[PDB]
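With one protein chain withheld, the remaining protein chains of the complex are depicted in position.
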Amino acid sequence: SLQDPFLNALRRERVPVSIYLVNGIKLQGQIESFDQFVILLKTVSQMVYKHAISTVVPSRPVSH
Amino acid sequence: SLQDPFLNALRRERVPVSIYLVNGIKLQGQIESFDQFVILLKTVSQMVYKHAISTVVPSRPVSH
Amino acid sequence: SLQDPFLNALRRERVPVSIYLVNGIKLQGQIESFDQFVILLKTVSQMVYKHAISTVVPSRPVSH
Amino acid sequence: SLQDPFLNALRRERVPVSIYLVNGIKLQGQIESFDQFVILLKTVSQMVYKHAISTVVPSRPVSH
Amino acid sequence: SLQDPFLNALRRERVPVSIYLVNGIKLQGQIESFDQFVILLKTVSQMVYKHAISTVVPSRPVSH
Partner (left out) sequence: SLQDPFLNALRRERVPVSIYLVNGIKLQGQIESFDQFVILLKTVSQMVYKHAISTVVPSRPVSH
């Protein structure tokens, strides 16, 4: 109810984001797409499993 | 049955909280919103997956 | 079938407990309440996600 | 289909076991009881969440 | 909705991939097959549980 509109706003607005993983790695890029279980983060797109994500941090505020 | 009224009390009362992640990071801010799987924590709001959270600690006691 | 009566006994008897988290932290306090996914542990009550808990250890034996 | 008869054999036969947790801790004792999500391991009984367990190792072979 | 066509594209196109695990290990190979819970990664094929995967990174862009 909140997750989907937040991720969709980031995707639609092409906002650069930081995705912090539970193991301490920081990914950065734009959300190309997402589904129930994964986020596709744009050299290639990488498929990130949500279960591995701790936080998604927009580079700037977004309407949601 | 307990989680939702606790989080809602924190959100409604705008109580500063600490969210401790399973990987040892401490986040701090106010709960803007939450749903089944995520908490939105207010420079930007960040989307925190519950699966990554160990504990939510209010800065002061809250009615719940 | 076992979890609920065990936690309820600890709550009802107000037994001090240690809650060990998967990341190695030890929490201590009394169980105020619990639900499907969280335990509320009593300066403030903190909301502990069960997914982050490894073991719940009573400070003394309890009827269950 | 395998988990329940294995755990029940350990419980019924009162076999000492080692329960290794995902965080590297080793617990030892006898299985008093178990349910869908937890194992009760016998100074006090401690409630171990299965999600925190990596392996259950009997101290000797058991019929199962 | 996104995961399955992405993995299927990698499998069909036999694209070398890197599979990063939550514990920091990097696996490399070609996706032979996958199902709801596992990916088979091609000396032998190894069965990788999705719950252990953080990211799947194609070695080159793929139609999806």
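Some points to look at:
Chains here go by letter, A, B, C, D and E, matching the order in which they are written, and residues are numbered from 1 within each.
We adopt the following convention: contacts are C-beta pairs under 8 Å (C-beta built on N, C-alpha and C of every residue); 3 or more make two chains touch, one makes a residue touch a chain.
Within the whole complex, touches from the chain that is not shown fall on D, E.
Of the candidate positions E:12, E:51 or E:60, contact with the hidden chain is made by E:51.
Residues touching the missing chain, restricted to subunit E, are 21-23, 25, 27, 33-38, 40, 43-49, 51-52 (touch as defined at the top). In the full complex, subunit D makes contact with the omitted chain through residues 1-3, 6-7, 22-24, 50-51, 53-62, 64.
Just so it is clear, only the chains that are shown with their structure count from here on.
Inter-chain centre distance (subunit C to subunit E, centres taken as mean C-alpha positions): 39 Å. Looking at subunit C, residues 22-23, 51 sit in touch with two or more other chains.
Taken as a contact graph, with one node per protein chain and an edge wherever two chains touch, the assembly forms an open path, each chain linked only to its neighbours along a line. Applying the touch definition to all chain combinations yields A-B, A-E, B-C, C-D.
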